[PDB]
Every structure is written in C-alpha cells, then in structure tokens.
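All protein chains but one are shown in place.
Per-chain numbering from 1; labels A and B assigned in written order.
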Amino acid sequence: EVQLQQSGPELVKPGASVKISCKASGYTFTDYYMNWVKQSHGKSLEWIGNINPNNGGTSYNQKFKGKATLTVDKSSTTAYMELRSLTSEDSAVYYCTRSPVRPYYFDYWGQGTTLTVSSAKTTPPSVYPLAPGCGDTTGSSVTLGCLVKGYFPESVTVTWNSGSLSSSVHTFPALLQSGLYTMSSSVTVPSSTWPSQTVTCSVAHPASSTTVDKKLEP
Amino acid sequence: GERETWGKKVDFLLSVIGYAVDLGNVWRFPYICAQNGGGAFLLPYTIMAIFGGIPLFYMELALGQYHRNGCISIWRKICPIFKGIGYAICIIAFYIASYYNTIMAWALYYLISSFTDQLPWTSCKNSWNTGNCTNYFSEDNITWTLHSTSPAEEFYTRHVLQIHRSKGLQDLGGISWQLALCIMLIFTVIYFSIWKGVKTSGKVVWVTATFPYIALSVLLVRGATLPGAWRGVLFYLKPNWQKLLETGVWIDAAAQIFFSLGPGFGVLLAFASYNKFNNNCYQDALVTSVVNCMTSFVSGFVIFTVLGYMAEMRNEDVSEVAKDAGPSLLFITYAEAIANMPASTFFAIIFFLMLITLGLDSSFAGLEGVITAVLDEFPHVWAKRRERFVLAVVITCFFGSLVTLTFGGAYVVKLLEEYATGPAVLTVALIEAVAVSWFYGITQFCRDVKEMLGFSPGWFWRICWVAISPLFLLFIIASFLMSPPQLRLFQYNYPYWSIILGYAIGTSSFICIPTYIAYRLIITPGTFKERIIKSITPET
Partner (left out) sequence: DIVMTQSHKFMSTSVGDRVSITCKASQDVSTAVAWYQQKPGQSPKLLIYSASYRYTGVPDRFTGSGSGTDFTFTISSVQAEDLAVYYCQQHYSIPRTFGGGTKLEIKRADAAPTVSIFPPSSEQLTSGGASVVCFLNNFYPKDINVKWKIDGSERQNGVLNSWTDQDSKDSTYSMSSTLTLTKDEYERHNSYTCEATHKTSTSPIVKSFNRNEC
C-alpha cells in the first residue's frame, strides 16, 4: 500500500513561487531517496533531483540548480519542492517518486501536480447541457452529453452520477482560446435507462473551486 | 671529528625516493586526477612540478649536501634568527608521527587478518556486522537501501577502526588495544632500521622501496585482466579541459606536487648531508622526482583498472564507486574488489604489505631528518649512543599516537592532516624558501652549486628560486587560508570550531620561530642594526 499523495493543481502568476507537497505511506519513509520528476506538456520526463530523508541530503540536477528547492519532514513523512521565478516554461506536471540507492529506479510515483504559471484571471466554467432532440429516432442506444465553455486554467473534472455508470463515456480534450479553455463530454447509454432514471453531469473547477451540476432533460 | 657518509650511492638514491613515495602517490593522485579534468590534469600537474616542485626539491637537496648540517644547525650558518625553523619542523614531526603511523597500523591489522582461508570482510556472519550487512554470493535481485552497508564497509567501520563506538571529536575514548599492538610492532620495525644510523636506513630501504613496484605490477596486470576495467581508465583519462578554466585545480595540482615531493622539511637536507661533496645533485633530484610522478601515474592505472572492474560489476559511473576520497578507497572499495577475485588471500596480503612498505620508508626518513638535526645541533652532548635518542623519539611518538588509536581516531587524523600539519609545513617551507633566496642570497647559492658541481646552475633554475618557488608556496598558503575546506568523513560533518582547533595546533608548532627571532634580537648587544647584522650574516 505504498501511496504518494501530492498536492492539488496550482495557478500562479509569473515571477511568484509555488510549493508542492508529497505525503508518503506504505513503506519505511527513512529508507528511500525521494525524487521529483518534471514532465512538460507533450515532452519527456526530466529528473529534477532527490533528497535523503535521514538528513535532507539533496542532490539536484545541473539544469535545475537554483530553480528548485527540495525539503523533507520526518515528523509527517512528507517531501516538498519549491519553485521560484516562475515562467511559462514551468507550467507542467510535476511528480514525486520514491527511489532506492542502487539500482536507481523509480518504483512508485505520485499522482502529479498540474502547475499553470500565467497572469490570466481564474475564470469559472460555464456549464451548458447537451440534450438530444425530441425528433431523433430512439434506437438501441441514445448518446447524451454536457458542454463546458470558458475557464482557466486547465483544471476541470466532469463526472457522471457519482461514477455509476460510465462504461461508454467519451471525453474530449479542452481547447484553449482567448485565454479560456473549452471542452465537452458525451456518454452512450442504452434506451432502457433514458429518460427513465436520473442522469446528471457534474462539472468541478478546483482552480476556482466551483462545482456546477446539470441534469439532462429531453 | 667528522660525520658518517653513505654506504653506496644507490642506498640514499633509493632512500630519498622511498621517502617521497607513499600512500598518497597510490590513491590521492588517481582520485584528484580523475575528478579534475581526467587526463587533462596531467597538464597542470607537470607545470607545478617543473616551476614549483623541482626547484624546491633540488634547492632543498643541494643545501644539505653542501653544508652537511641538520635541520637546526644549518640555520646557524645561514640565518641564526631562523633557527627556530629547525625546531618548528621538530614539533611538526611530533604531530605528523601521531597519525601517519596509525594508518600503517590499520594495514598491519588487515594483514594479520588476511592469513585466513576465508577473508573476514567477505561474509556478513561475523561478530561486528549489523543487520544492514548485505554481501554477495547471496540472493539475487537485492536492492540497496539508504541504511544498508557492505561487509567491507562494516569490517573497516566496526571492527578495525571501531568508529561506531565514538560520537565524534567530543567523545572518542578509549583506546583500541589491537591497533596499539600493531603500531607497537611498526614502531619496533622502524627502530631497528634507524637506531644504527644511515647504515641500516640505507639497507632496510632496499626492501621497503622496491616491493611496492612489484606489488603494483601484479595488481596492474590483475586489474588489466579484469573484465570491464576500461571504464575506470576512461574515467581516469577522459579529458575535461573546462576544468583548467577553474582556478582551483591549479592550486590542487600545486599542493599535490608539493606534498608528494615533500621539500622544506629537512628530510632531503639530512639525506643529502651524508654524501660526497663532488657528487651530482641535479641528476639525483631530477630522477627521484620524475620516478615519484611516474609511480603515481601507473598507480592511477593500478587503482582505476580495479575500480573500473568494480563499476562494471556494479553499474558504471566510476565517480559513484569512487565517491569517498580517503583510505576507504583502499580499505573498503579496493579491498572489497579484491575479496571477489581468485587468490583473494594473495592479493590481500601483497596489498596490505604494499601499504606497510609504502609507509615505512617515509617514516624512516620522516624521523631520520629530525634525529639528524637534533644530533647535529647538540653534538656529543648527543650522539653518545644513537639507539638511545632514536628510542626516545619512537616511544614519544607512540605516546603521541594514543590519541589517534582511539575509537574516534580517524577524525583526529583528518583534523591534524588537513587543518594542523598541512598549513604549518607549507608555512615553514615558505619561510625557508624566502630565507635561502632573499637572505642568504640566490647568487651565493648558485656559487655554492658552482663549487660542488663545477658549474653555476642555469638561469631557468635561478629565476625559479628567486620568484617562482616562493610565489608557488604563497599561492597555496593563501588559497587555504582564504577558504579552508569543509571537512567530512563517514557521514559525519566536522563542527564549525574544528578550524579553531587545527589552527591552534598549527600555530603552536611554529611559536618557536618568532620567539627565537626575538631571543637573538634580545641577546645580541648594541644597536638593532648590528644585532640584525649578526643575525643575517652567517657566523664568522
């Protein structure tokens, strides 16, 4: 049950700083090096540096010298990474991963932390329902869906009926335009469950902390 | 009436080489050469020799064979006020001998433990290993942990050194009796090689100085036959010319060639004292130093072939397997590599024996210089029997090494070797380089060389003694004093006050030189110009 739970997404203006946590469990925290890997959007993995939890024995990369600062707390078994002088290049997904001394592999990773470095205002998403028309031919399955327009940054989660059921949901990647993102979702459900039961789409925005729920109505 | 001489040219020709060649040639040069440009470190290493090392070595070696006096009585004939130098070195020696022998003690304890069919540092089923101990010929797939240790590291740390029984410099007592018996056997084997004078110290050197080259040859063809040994050589010779841009590696090279060459201490003075007056000094100094460097050069291969094999057996980056820059590179890394080879008992015995014979010749001379000076300063007040004085010195060094024989002895070794003895030897060497060149006169020195060798030394050497050598030492001293290195040994960072203790020990070594200057300045009657005139001009 080795679990590495990081912090949530962070939206920060360029030039500021941001700190990411990493709560470890399921193993002897004082036994393994704690690492941080930077992954850019569409790019490869990039090892930032490690830290020895016993004494805070840091080992940074020459490419990240003076950019990232790694700390550790044994009282709560939690690692931290701080980034100062944030620019557009720092907007990426950061992981904290466990690793032995030899051989130096990354056995367990964290869930990641989406960092967005921009001065754009945190815009709440506009949730608009996408219900099928009343003139369509109800076949063996009807396809429903919900639309999300205008939000920043890329931090949104659209669920369907508390995750039950979702065996045919297609989610489309968000598109950035005029500083605001826009995405959409769909779900293929049989004709023996609609519009009989209750199907409601939930749109959550952790950056603005706004959760709007809309139910589909034909 | 007259003093003794050499039994044969080769005896002292190998005696000075034996003093010059030691452990550091074997292991200090390969590491500092690997991490400072690789093969490109060969470029500043020679420049600091030709311009810094060789002039001090030859200039030091000439005065001894010309004046034929000790480290103390030679200043009475040059600059009496600087006679304290001859005493300072003495005190310096007492500090040096406090740790330089204990290392050999360790090697000896490793040698007497290498007579077993199964070497102690191969398995983990011993009385000193912890639960972290993980060896090979064990289960595969093993993965190293932050707290895990190797049977070799466990054997050095918890058995011979026993450093786990001390918390640092604060609490280090008491004394380990094993290394005390070892260092007693060593202090006994050096007694019978000095007590008779230069007759035995020119005969015992025959063995102590020739064995390391044989052992290095065997270890060389051994490490060359090991699979994956090219990685250590590649990491050893890979040119990193960007290191030459850093002003640090030049100072590192200068210091390395100074301590390896060892001028300014009176050992070369004493060894040169017992020699023919018309004997050549140029060729002697040249040959000896060039061998001392070449020996370091091949020692680099001897180490990096084995460490390359060790990186092949593990996973590469020889820097990872050669992180620790100290005795651990020989007592743990190299030893653990030896344990995993056929005829491990053989390659262990000849290795530790090599270490002991590497140390012995340098301790022979190390003492020999001081003994020679003291006997020459207090003649026939002293010299009634030599064995008496040599014994009185050896015993004092034994009681002076009890601080090093403690459980936390290695800490004291680092502290004394880097914060105490070093800057003081460089300081007194600077004082000598200034006194001979700027007080006695470099022209008169070239005239003395012109008397012994029959011709005046070239301008290349004169311009070195006048300016190049004093600035050569000045650069190193200034570099250290401006930024003393942060000391670390075995996952233990030294307290912030360590530099205060080292400097305290360092200054207490040459408290004698200015107070003796004040002594003569307070003893000679008349004006201060007449006193400094009788103090600058040699004895009438």
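Following the convention adopted for this analysis, contacts are C-beta pairs under 8 Å (C-beta built on N, C-alpha and C of every residue); 3 or more make two chains touch, one makes a residue touch a chain.
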Using the document's definition of touch, tell me which of A:126, A:161, A:210 or A:211 contacts the absent chain.
A:126
Touching residue (missing chain; options A:112, A:124 or A:195):
A:112
Of A:62, A:88, A:162 or A:198, which sits in contact with the chain we cannot see?
A:62
Using the touch rule from the top, list residues of subunit A that touch the missing partner.
37, 44-47, 59, 61-63, 95, 97, 103-107, 109-112, 126-136, 143, 145, 147, 149, 170-173, 175, 182-184, 186, 188, 214
Tell me, which residues in subunit B touch the chain that this view leaves out?
141, 228, 231, 312, 315-317, 319-320
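By definition in this document, only the chains that are shown with their structure count from here on.
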Subunit A contacts subunit B in the complex at 30-33, 52-54, 100-103
Give the list of subunit B residues in touch with subunit A in this complex.
143-148, 314-315
